[PDB]
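Dock chains F', G, G', H, H', I and I' against the given chain F, drawing on the hints supplied.
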Amino acid sequence: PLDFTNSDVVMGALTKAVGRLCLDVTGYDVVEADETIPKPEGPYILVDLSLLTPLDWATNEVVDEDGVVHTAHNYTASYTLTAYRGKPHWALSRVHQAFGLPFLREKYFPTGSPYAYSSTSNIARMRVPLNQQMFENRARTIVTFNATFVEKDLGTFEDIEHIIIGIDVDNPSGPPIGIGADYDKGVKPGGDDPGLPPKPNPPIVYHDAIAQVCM
Amino acid sequence: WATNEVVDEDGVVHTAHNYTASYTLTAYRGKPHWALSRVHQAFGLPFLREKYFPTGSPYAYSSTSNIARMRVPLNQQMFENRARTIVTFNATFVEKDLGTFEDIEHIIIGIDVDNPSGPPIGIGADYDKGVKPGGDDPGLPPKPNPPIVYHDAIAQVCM
Amino acid sequence: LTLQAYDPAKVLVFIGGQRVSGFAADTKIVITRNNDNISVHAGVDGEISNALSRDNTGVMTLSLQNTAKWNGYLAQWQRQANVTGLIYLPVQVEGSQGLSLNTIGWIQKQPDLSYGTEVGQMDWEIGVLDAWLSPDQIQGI
Amino acid sequence: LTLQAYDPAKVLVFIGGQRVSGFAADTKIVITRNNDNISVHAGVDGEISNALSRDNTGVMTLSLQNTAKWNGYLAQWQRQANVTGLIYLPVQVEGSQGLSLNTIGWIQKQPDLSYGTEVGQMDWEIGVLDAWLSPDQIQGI
Amino acid sequence: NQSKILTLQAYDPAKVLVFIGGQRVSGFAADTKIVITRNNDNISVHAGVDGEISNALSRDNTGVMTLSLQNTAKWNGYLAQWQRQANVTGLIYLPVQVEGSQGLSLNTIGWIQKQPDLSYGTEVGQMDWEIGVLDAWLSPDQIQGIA
Amino acid sequence: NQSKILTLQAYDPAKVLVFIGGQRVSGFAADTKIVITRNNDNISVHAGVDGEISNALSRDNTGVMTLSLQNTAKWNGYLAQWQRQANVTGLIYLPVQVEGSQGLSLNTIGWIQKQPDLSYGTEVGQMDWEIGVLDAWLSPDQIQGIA
Amino acid sequence: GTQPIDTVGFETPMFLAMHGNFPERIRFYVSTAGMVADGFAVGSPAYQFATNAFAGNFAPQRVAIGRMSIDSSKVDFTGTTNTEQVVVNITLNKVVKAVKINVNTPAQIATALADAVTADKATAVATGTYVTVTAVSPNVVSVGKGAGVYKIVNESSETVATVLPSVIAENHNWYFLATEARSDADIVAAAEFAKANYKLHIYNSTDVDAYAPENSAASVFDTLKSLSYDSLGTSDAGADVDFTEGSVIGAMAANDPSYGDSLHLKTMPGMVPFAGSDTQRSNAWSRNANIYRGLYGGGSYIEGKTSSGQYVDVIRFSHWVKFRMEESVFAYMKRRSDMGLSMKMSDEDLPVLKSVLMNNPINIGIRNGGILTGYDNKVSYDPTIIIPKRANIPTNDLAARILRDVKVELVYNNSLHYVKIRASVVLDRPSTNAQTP
Amino acid sequence: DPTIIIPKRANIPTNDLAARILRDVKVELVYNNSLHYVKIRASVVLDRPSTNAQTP
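Protein chains in written order, with PDB author numbering: chain F, 4 to 218; chain F', 60 to 218; chain G, 8 to 148; chain G', 8 to 148; chain H, 3 to 149; chain H', 3 to 149; chain I, 16 to 118, 122 to 138, 144 to 399, 402 to 455, 459 to 465; chain I', 407 to 455, 459 to 465. A prime marks a further copy of an entry chain.
Cross-link-like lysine-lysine pairs, in silico, DSBU-like; alpha carbons within 30 Å at most: (1) G/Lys35 to I/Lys414; (2) F/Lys90 to F/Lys110; (3) I'/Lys414 to G'/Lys35.
For the chain I half of the interface with chain G, some residues (derived, Cβ under 7 Å), not all of them: (4) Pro374; (5) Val375; (6) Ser378; (7) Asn382.
Among chain F' residues calculated to face chain I' with C-beta under 8 Å, some are: (8) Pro113; (9) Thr114; (10) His210; (11) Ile213; (12) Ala214; (13) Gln215; (14) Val216; (15) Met218.
Honestly, the hints are just simulated from the structure, not real lab data. The C-beta atom is built at its ideal place from N, Cα and C for all residues, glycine as well.
Just chain F, same shape as in the assembly:
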């Protein structure tokens, strides 16, 4: 019943978050590298998940109700953006500045989300010949994001229901004394003994004297 959002969900939703912010700021059209289609008409941007870096040691462990363990790891995903016509260098820059606008981020990067923005690389403008007739304007940049991935274990170990301890007290008056100790899940050491009587709270009464001394 203690569910979560595994890696597959976070990773897939990060692409769409980048896709919507690029569309909503620059006004260009967007496309991914996952499947190929004939080149669209007009300026557009291409999104690719070029690289992914892990961080070695897990930062948190969440124990299910039944004992299963969910482990959380920090990551960093890098996206390669490319803008293909119009003023591509201008288009990419407005994407960069978008991460500094508070209201715009809150739509797609709400507080508590499993991914965040980290930094950006240099924006390089390029000219590429086409059919040996024309030079096409382009650009390229790499945007680095933070993330956190959670995964669920494949089982649990047994609980400790009963513990048995052997004790040996070496002494000089005779041979060592062997004696054992034991623990059980529901057996209190004292049973349910009420214990010593408590110190009572005196009842609230009226006093004539601010400070009275009586022998």
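Just chains F', G, G', H, H', I and I', lined up with the frame of chain F:
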């Protein structure tokens, strides 16, 4: 990280970021290396800059790279003189947000004072945009300024 | 249940009531204490006794680009206090996921200003009158 | 409304009435103070009391190419003062966007002169009799 | 070794209470709060030519107590008024008490013996008031298990 | 902790005013401006053989005040003239006053007790004038809330 | 629609007198001389109350006086005994007079008082035990106490439960509440109004049912006990002629609750020591009718308990916290809006309330000692502030532009009242385990 | 503190440029006047007469 935030009258936010743009210059004939050098020195001449880089402009000059002179064969007959350099400029870019959040018109605060004489005392506090805490009470009377009068004695003592 | 990812943009600093903006790249802030928690006195034969530290001041560095508008405010506040004698202002920090802080403090020393071919940096030293970090924002503590 | 871009060429230095020229690449100047703003006395039980600093001298470094014509002027001014006893001259700094400064000061120590295969550098140490930065030129403060 | 921990609760200097005249002192200096000393040693030894030894018990037990306060403290005012009060009216004595958080206590009467040296400079100064205490036997009462 | 701030306004040493003869002193040294001391402790204790204790009130309250001035200061001239003035004419006394910005004040009469040691070297020297003050009871008047 | 008071109002006490000396419903004074100028007769009720309020150790800076339409006064000698020159002070339209009756029986004295018919405008009507004084349309009359043994009583056509909504609308910058009317209905109406407007109600009564045995009684103290209000009541012998609510207020108006100080032993000049016996004291303590016992040659209040059993200082501290937080938040929110930098409803701005609230209202209490701090058990007493996030705010609250569920928590550091000792005297003194427990 | 304000070349009118004249240089100061009169309220008594003792 943005260096300044300017808030519109209605609350929209404009953010300013520093940049650096690099321009590649290439001169193709004549004495290209001489031509590029005079461009470099131009940024040191005060009057000439003021025409195109006036104080307060959103871009400025930063530095320059090495000027390399090159010879390129053409049609396998002649060597053409050329040169190349990279000029780095400063800049500042401003962009405008896509909306604003709502204002805080009313605030409600709950308070609980735990004490030993009885159960905790619950009490609330409130704020409203135009409601002054004291209404418009004049307050205590001020200490008056005495009027300006003539004095015979430089320093007078009266019991 | 979705665990947070460290969001550098939600690290907030409030000085005097307003929010600071215009940081330089990399480290936005650094928080460091001045003294050790406990002082241990060790005897000849090995007896050990401890003393509790009653001086809990710290220091917080603040990296700002030299074109930031917040340089002017700190410069004005610094000079004002040197004349009037009122030096304290509230200081509060938040963490996207990390340890917060909420005390009062003062501007300790004037940073070093240098001018060159590119926008530089100034590192202010803000003294904080208590340096206990808090687990408020940790998701699950 | 167009916000300024940091213009390194509009950082001005006026010493004695004239304008300095002939700087070396990178950092044209550096301004640094000498003492901490406030001295904090901490009691055994934790009582805290503060003292205001009444020594506000600073130091300003000035990087000049060793072929600069302004080396001769500083060398002459330095030797003149050592004889007559008049050591002070006005000092003023401006920022394209940054913190200015306007006080009096004197030449503190003679830099180190070295000769090699390329035009070198000399770093003068100009003492400034007050080191309070000003927000005059900040666009909006 | 952990089997010889001399204090199972850290020694907190703020637990040391000092009451003069019935009001709690506050505003102490940086390093040392108080110092208590005697003037005379406990017994006198009179040794004869041939080694005969005999001892005597002292009857002067007065001591001196130093109290370090920052010169900006408010308690400097109360002591300064008290000096003039006693100089004219002739009432000098005043109860004194000390709480030995994890040490030795003290409870007696005392008077201001001398006034410190007031100095003004670039740092907040300090004052060392001398509160002569009539009787200076330290009390172990705060310690448990004293059989 | 911020609940024990002993001074809500920073202690500015320039607020400490000193007036001698009705003119404000100026031109002080590097570290310490003034130091005020007494010569005699407040009371005398006469303890008997069997422990009987009796106390006496002092009647000599004179103190000494040191005044650090840079040897290039102009006020060195005024004090130097004053010495010869009194040596011949026999008028020594002169009003003295001190303002305790956030401490104890002083207001009495005094005279120049000794002249300092004048030394010349590679650095601007210093002078320690001794202004014996006739009566040296510190005043808490600058402090508010003294009931 | 309770509007908030400010710091000055938190100290101003209001007394609801009967008179017609000014047309307004309320006025503020800084000394009895102003009231004298306004035509209040020396020894009049409001004059006595103002004198007592200014006569305290913690006296307030200014006193507010309300107006309730006066109809006719009374000079009552009924049940009195007199063997001294009776004197009455009367002020008529800025004209000040004095009246003298020599020596005899109360009825004879009352009849002889009819001689107050000269130099008058106003009229006097004897009735054998009291004289009813009634003015005429243009005339204004103020009747004040003198050297005689008598009590002045006023009557009006209005009622408190209808006058008060007018005074509060006229002005709301006052905290304490007091009245001249002493009927049970008027007292209960005042208590019910005060508890609804967050104001402290004070009153003094002379009813002997306060002393009456605890087995049963039907006094105003008991009615308020049953209704479970917070009005602070006290039983005094001279209340009906001296209006000692002023003296009670004068001992608590100026000290701020940040010290957690209580009202247990504070001396109140003007009060008369309680006279009953110890059984009567025990009886009164049951009804929460505080008394002013005279001990060791001095006078001392007793325990300052309210009607519902709660202490006064806790209530006052809670109210002080409320008002201070209101004022601080308003000030900060107004400064933020003076610039074009109004506080928005986003996660980048909400947290600052933590420091804003920590500064003004709470830190002063922690400094002065009214708020307990430290560690307990497994709990700590440090005050805590909790603020919601933008994701948790309901959409309706977003639309209305309102922030809810900001919560605060504190602990109060009460004072000491009683001490008990177990001294023992012996002719001499008497297991040795010596093992660490 | 005295203040000095100077215009920039962009703000100078073209007519002023042609005439070679600089306008609107502004300065501000405060004067520190002296004392003239003093008044005192001495009082002579045969003897001398609330204790709040709480920080305001």
